[PDB]
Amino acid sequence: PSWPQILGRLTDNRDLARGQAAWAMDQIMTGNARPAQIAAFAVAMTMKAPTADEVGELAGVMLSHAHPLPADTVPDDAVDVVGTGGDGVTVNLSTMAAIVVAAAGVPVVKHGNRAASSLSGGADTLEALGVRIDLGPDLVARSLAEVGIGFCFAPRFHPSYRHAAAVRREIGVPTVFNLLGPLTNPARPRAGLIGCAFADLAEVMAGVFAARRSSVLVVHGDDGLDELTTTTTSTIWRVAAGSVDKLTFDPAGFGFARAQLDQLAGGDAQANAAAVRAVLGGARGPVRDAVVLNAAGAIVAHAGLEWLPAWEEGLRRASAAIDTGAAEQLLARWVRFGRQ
């Protein structure tokens, strides 16, 4: 195996052989790959049109180098709530959804990161709320048990990935690496709500989760958002029993009104943090509807471990988690945990 071999096969518009993608990623995750080599592989992989197997191999190598949590500290039915990002458009729907879902009794372990293209990101907003994001495996495990939620800071759990992260910021363009985020949660939850900004690559991610036999809903808003949108219909690749099925989704059937895309606008960590306190404070509006919708999506995924009645219960549990104030309190206990 070598760089000329692998890179040459891609430029010829051919799919890689089994195991070649793994080799390339291991060279990167061990510091035996110069930036030039990293960039060439990332671009070539993207333009060739990657397969589920190829992307699956990349994520597998990252997890094998990642810091794991202590044995038997992660529940069997833990869920993730995270997106690829890079939609170009907003408030932190995934982070807000995560708090609600956790408060509803579903164990959540988020694997997030700072912003890359947006004015603010998930981890950035959590830091602005006083949450300690840079905790080690032992403490993340304690947090999950004592609070009901844990946050895995990618740079701390994937320290060997820093070389690849540097190259990404230099080339600046979206690549296959932009898909690896949701696919490399070090806690390894078996369920989650996974957003994808790239419509022509969502089916691929769904394939990767299908191989792991996970219960996941890969979602893409017809308006382009990497979330379950309320401004129009959405596409959903439901993953269950290792089987993917493509379906169109419309929340208007449940009773959600249509919203404009500007009504879901956001800003910096300070402004987005305020949007979190507002929604968790019980404020109604288009932002709330987006959070409840996504939170329900994560609960439907959790249940996958009927279709319509699952959404009804999901929407019901999500709303109640907010209105009782359980979501607001859970956040407070999350902060106090870090200070102790």
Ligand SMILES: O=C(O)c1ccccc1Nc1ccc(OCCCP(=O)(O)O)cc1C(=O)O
The other form holds:
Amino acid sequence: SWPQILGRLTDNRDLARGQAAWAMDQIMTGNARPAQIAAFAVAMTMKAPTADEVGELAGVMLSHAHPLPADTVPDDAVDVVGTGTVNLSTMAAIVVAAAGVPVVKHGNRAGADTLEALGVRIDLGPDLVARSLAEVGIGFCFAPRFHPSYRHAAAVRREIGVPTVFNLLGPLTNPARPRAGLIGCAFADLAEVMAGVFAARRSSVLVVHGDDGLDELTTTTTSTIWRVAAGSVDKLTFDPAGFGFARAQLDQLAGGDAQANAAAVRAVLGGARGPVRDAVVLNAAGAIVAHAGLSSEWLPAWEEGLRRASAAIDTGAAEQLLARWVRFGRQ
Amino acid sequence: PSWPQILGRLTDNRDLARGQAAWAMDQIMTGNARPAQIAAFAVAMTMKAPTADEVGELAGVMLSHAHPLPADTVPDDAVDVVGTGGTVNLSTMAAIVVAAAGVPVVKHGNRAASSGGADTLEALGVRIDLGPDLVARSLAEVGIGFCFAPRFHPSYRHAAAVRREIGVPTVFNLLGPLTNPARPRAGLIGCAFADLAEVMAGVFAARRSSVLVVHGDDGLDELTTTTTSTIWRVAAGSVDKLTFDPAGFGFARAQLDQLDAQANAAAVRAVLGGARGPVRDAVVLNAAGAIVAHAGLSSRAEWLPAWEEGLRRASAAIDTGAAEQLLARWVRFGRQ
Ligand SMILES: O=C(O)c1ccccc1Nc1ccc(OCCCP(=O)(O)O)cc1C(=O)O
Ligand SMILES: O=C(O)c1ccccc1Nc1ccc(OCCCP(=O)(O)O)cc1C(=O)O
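Would you generate the structure of this protein in the form solved in complex with this ligand, following the form deposited without this ligand above?
In what comes next, the whole complex appears, and the chain from above leads the way.
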């Protein structure tokens, strides 16, 4: 019951097995008042959620969500996304796909806004996302379309404004269920929890947190990486200087509205050089490294990832892929 | 100031700045707060661990919006007798006994949506839903009055609703006893939550009230006879933590089970009728506590002598039949 679960949380106790799932299921079946949703969200956040608990929450969401048709998602598909740099992750995603690694993203409007500004059709049913993945090499699951039952939880989150445990679930509830990815987490304390959740489902993932606060591999300083592979977690410090990347300023990597990001995307994929390109290349490589961690060395993998990412841009393959992505939505 | 700012601060486990709790409660009471914001605020403040300043701001806002009793109609030395709950039988009986001893009593409560304070009184034939003028007259003519919460705190209705929806106790559970609209300066105030009792006492202290905030070490929001009780003695803006043992005053230990509105009424009639037992003892104990608190208003009398006088007065109020008569007169007053 709610008094039971909420009571347990306000007493600063971890939940028993299944309780978080029950709570989430009530929320997802419209059997939860806004006050109950809000109380749970806040309490779960201030207690400090466990990997088990967050896993149960994402599990329920995925159990209710629209799936992609059987055998439409390649076994080695990847995600590139952050909890919240949507400009960097959107560009990295295009680059990774152009390098030949299938990419299936999942998001909402406020990084879907940027893709729409670029002329991409973001709101597609499972059948067409599958077609997009196969034919273009990339797909996007529009969260409101795939998680309609979450709308009540979505409204509460906007009403209270502040971040909660629910801010962690985006990368964990991709309806296409990619087994790999580059996952940004702005909250250092929670990044290890997310990595724990990915470890549980045996994903090959790099959970990343810039030491400057970015939910992305940064170039202004070092980054912390929770490398998830073989169901286990390794925590590393990462410095892109080891790969010849010059230090940049934080203000140089920041995003703007959909139109500004769209302009930045066209610039980078058009061959523009500077710190924005560098960050994109770096994060694209990270996703490729995660992809490699599925079927099997750290530095050689990175060096190869950086080559493939840079080439995907310089050959124009990334720019072409975007053009083909746009053209797909019209055909 | 905003909900994101305030809720963000609380979730970061920081105390609020001066005025923020007040701003939040004001929003809640002027209908400018979403149920989700209300619930988030109540839960977040609870898990952060509320301060006396913060709870004081909440109660302060509520009282600033409340309907007052008319000028010069509440005696200087009026007292409250109540618990946070979450012992209505005991506090109701204790209140009648205290009033019959000659200490003006003004209570504050609401009907229960499951049982509560007003329900016991209704079952006894008391008219609970009176306006300020009639509560004032009740207090003057009968020696006791009851402020029906919905009537005096109308703007609080949205907050009260959210309380029930989330179920679990929050800091909001402290506000009832802290927002008696007659603003009595003394009382016996029970708190079921041992952690928040000290906070309550701090709020009363800031007001320079003379109160015993009480928590039975068996969990009762009332002075118990089953074991010891923790009392936060509030007087002269100072809080003093004490442990109270009824055995020190000759009370035999009782079991918890020995302590429904129709059933509460029967228990009230029995005790006021002279029936001996653990229930009477508990009533006499808490009545005496209210009387000790009352004494702390004007005199700096010692702990022991004050209690012994309190116990004598409570017992006499029952044994002379004064308590029984006062209830009857209370019932007749409403029917007039
Ligand atoms: O807004 C609505 O009432 C609604 C109506 C139809 C379909 C979806 C609707 N809202 C949503 C449903 C799911 C959802 O889940 C998206 C997950 C949020 P996150 O990006 O993972 O953090 C978000 C919304 C929304 O209103 O934004
Ligand atoms: O229930 C509480 O937590 C509470 C605490 C302190 C004071 C009053 C409290 N309750 C209420 C206050 C106002 C109210 O308003 C009800 C509607 C009043 P009106 O019809 O507009 O005049 C209802 C309650 C309640 O307990 O349900």
